[PDB]
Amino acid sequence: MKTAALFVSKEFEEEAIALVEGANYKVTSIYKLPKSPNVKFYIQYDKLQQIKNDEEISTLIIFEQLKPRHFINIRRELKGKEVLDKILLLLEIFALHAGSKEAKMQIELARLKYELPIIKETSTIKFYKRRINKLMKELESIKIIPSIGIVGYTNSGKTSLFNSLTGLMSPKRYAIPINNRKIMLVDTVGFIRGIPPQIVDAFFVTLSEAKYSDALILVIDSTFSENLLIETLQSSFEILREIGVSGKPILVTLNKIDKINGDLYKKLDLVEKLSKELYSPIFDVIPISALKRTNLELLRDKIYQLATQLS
């Protein structure tokens, strides 16, 4: 699968890793951001030469926003190989999770707009503007078996939960048998922290596809402190309300419970009380560990029972 070299601060590293893997890349090396960025290449020239020539690295990913002159100079050196900055990386995540025409158009619109400052730093300008104006036109004119979508913040364990259920394309939709029922599991885009303003519409439109699913599984990191757990739940439900999720059963899975080292039953009871205060109908609230495979038979049985309720 595609291999990336990732440059990222330690502060963002864990989050960036989980973003790069949501864009279908394996992170094969990781470096801090440069202390004093190179004026032409951002990263150091010798590192750039190594990545240019390394057949096991398909892609350079820089978790920052690059200036145009950096794109121009990096893309030349890489001769073919792709560079993504933080904007282009999140637009890649969206492209891999979007199945609707409107989201595909917003993603392509955002990519085109991002390329304009690069071209201007390099006829081609007018060509891009005509495509951007056509998409904006059409967007404005759009304006006027059970499927279970998995939602939740980045790094809550959504891919691990999907993979666990499926035993494992884009968008990711995969049917599984449970007892005598066939259920469509759907990899919805995560709630992303810190979305750059340029891509907020592409994000929301892609995420709004979650309303196509008959029910949702909301995945919550149990290792979070009580106050952070509360905040994560309050934002998760605030986002779902605002994108127009209404009346869908939601199964909340409190995940990574192997890593708590703490009071699981108090977390679970907090989550369950707050979730039902914030939303109806909550199908249920269960603790699991998708990595350690704890309570996976419960998670299976609850998905079957939801699938039966829906049918």
Given for the second form:
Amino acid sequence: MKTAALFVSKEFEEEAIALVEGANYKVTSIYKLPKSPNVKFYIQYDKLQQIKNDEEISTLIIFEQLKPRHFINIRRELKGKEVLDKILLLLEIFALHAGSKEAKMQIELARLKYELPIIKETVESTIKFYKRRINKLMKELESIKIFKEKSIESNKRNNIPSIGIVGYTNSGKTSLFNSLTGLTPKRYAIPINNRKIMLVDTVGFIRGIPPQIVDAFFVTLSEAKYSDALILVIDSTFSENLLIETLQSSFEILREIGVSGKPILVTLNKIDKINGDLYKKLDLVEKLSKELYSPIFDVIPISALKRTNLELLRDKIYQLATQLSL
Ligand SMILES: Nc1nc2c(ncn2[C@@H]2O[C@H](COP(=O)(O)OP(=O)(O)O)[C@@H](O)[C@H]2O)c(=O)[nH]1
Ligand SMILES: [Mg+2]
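Mind sharing the form deposited with guanosine-5'-diphosphate bound? What's above is the form deposited without guanosine-5'-diphosphate.
In what comes next, the whole complex appears, and the chain from above leads the way.
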């Protein structure tokens, strides 16, 4: 519920908002980055000050990658209030979604490795500790990896079919999970007809993921593979070219994280932003999906926001669930 001040470029503004709300922050104020970052505080001094003194702000979030000296300084000027850069932001998101100890360990590891430098710039006892913890985590992860190869695909069952909602950020993953579970988190079981179905708002596909935290991301996302079905959300407001990119990228990642032979209901979302190109885009998405993956359960136009084609969606989801109930 924490309130946040977002600093971002116009280019990635709608990107950051979606991600910040993903991280359970209320974006109370946004600020455009200044092109040339402050040598001390990265952002603007005056703007940093207003934030220092605005009691309505628990957290300062900067959708860029700050260097150690930036954190050091911004932290000084913001005693008590937390500052997140892009790395820490995504990491907080992963934490909100990671259920597996392995994924949790990847996140801890990366956070430690991200603090290590900030602390190293400047205590020895702390450094020594970070080192010892980083090593322990790697050994833990290393032994999990070994366990996996020396074990068989267990993959427990579930009382209720669980359907993970996947897709790029700002595609509408959350909006859809919300309208489907009539809320306003993470996992929720909903009754469609005489059958109950577990829904999961999954961690999305994420653009420009920094090297530091790719492992954390991959493992977090891979948890989706233990779903019975997946609803792939897609932003209909993309031009055909970008639309092709998204589809290509989506199924690339899905094959990457080991999704196979899993029914996928593709939803083309945001159709209330009508440009007159529905049919065109809908046929494009459907053809290309078929070409890239199987089994494609169905491809359907929707508006998570306006709830325009909700009944049919619930029908497809029901039919899908019924299909998986045996
Ligand atoms: N017009 C329209 N906007 C939508 C729709 N679904 C989501 N949005 C908006 O798109 C932005 C991203 O939504 P979000 O659920 O956070 O996307 P996510 O990052 O994939 O989970 C939000 O600000 C929504 O209000 C839709 O069906 N129609
Ligand atoms: Mg989200």
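Throughout, rigid core stands for the largest set of C-alpha atoms superposing within 1.5 Å between the two forms. Positions refer to the first chain, counted from 1.
Asks: Can you spot, among 209, 221, 77, 108, the one with a CA shift of 2 Å or more between these two forms after core superposition?
Replies: Just 77.
Asks: Does residue 27 count as moved between these two forms, where moved means a C-alpha shift of 2 angstroms or more after fitting the rigid core?
Replies: Superposed on the core, residue 27 moves its C-alpha less than 2 Å between these two forms.
Asks: Would you say residue 37 moves between these two forms, meaning its CA shifts by 2 Å or more once the core is fitted?
Replies: Shift at residue 37: 2 Å or more after core fit.
Asks: After the core is matched up, is the C-alpha of residue 48 off by 2 Å or more between these two forms?
Replies: Yes, the C-alpha moves 2 Å or more.
Asks: Rigid-core fit: what Cα movement does residue 154 have between these two forms, in Å to one decimal?
Replies: That residue's C-alpha sits 0.5 Å away in the other form.
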